[PDB]
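One protein chain is absent from this view; the other protein chains keep their places.
We just call them A, B, C, D, E, F, G, H, I, J and K in the order they show up, numbering each chain from 1.
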Amino acid sequence: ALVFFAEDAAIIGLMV
Amino acid sequence: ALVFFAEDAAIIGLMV
Amino acid sequence: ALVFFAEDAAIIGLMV
Amino acid sequence: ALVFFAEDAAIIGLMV
Amino acid sequence: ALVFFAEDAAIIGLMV
Amino acid sequence: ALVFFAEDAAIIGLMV
Amino acid sequence: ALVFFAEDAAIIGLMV
Amino acid sequence: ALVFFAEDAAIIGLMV
Amino acid sequence: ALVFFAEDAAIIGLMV
Amino acid sequence: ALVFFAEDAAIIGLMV
Amino acid sequence: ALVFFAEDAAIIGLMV
Partner (left out) sequence: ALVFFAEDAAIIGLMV
């Protein structure tokens, strides 16, 4: 699965 | 909101 | 075109 | 992370 | 299917 | 434009 | 609702 | 950034 | 496949 | 139009 | 929730 990154602060992973 | 990153060059934020 | 990034390991581009 | 809502009935969260 | 909601005014369903 | 809603806390609009 | 357009050939609407 | 187009009526831009 | 269009400037296709 | 598939049970089409 | 399928190899579910 791919992991995208976003600033939520702190950077968080978004797993797909 | 979430801020994603993309190369547009320069790295820009993409807010959601 | 925009280029997003994801961890796939190694970081890969994703062009739009 | 954002939580979107959808009817699945009952309403469910969708966490991003 | 999932039914999301959006303001279009009136709140409409968006089926998936 | 459509306006979607998400919990972010508090509920926020997301315009499209 | 929003109507996007795409070539499918022929150009079609895509309603959201 | 990319600018997509949709009928909303009138044709509007959608900037990404 | 579907071909969407966006201004990038110049109008480009985006194939799906 | 493209038709994607999802388990909803039973597998359903999703046309685009 | 809908389950989409993708090849990651092996087929994996993607739950929405």
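The definition used in the following text is that a contact is a pair of C-beta atoms (placed from the backbone, for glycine too) under 8 Å apart; a residue touches a chain by one contact, two chains touch by 3 or more.
Across the whole complex, the hidden chain's contacts among the shown chains comprise A, C, I, J, K. One chain of the complex is left out; on chain C, the residues touching it are 8, 12, 14. Although one chain is not shown, part of chain I still touches it, namely residues 1, 16.
Considering the complete assembly, chain A touches the hidden chain via residues 1-2, 16.
Please note the rule applied: only the chains that are shown with their structure count from here on.
Of the pairs listed in G-J, B-H or G-I, the one whose interface repeats that of G-H, with over half of its contact pairs matching by residue number, is G-I.
The centroid of the Cα atoms in chain I and the matching centroid in chain K are 27 Å apart. Residues of chain B in contact with two or more other chains: 1-2, 4-5, 8, 16. Taken as a contact graph, with one node per protein chain and an edge wherever two chains touch, the assembly fits none of the named shapes, being neither a line, a ring, a star nor a complete graph. The complete set of chain-chain contacts reads A-B, A-C, A-D, A-K, B-C, B-D, B-F, B-H, C-H, C-I, D-E, D-F, D-K, E-F, E-G, E-J, E-K, F-G, F-H, G-H, G-I, G-J, H-I, I-J, J-K.
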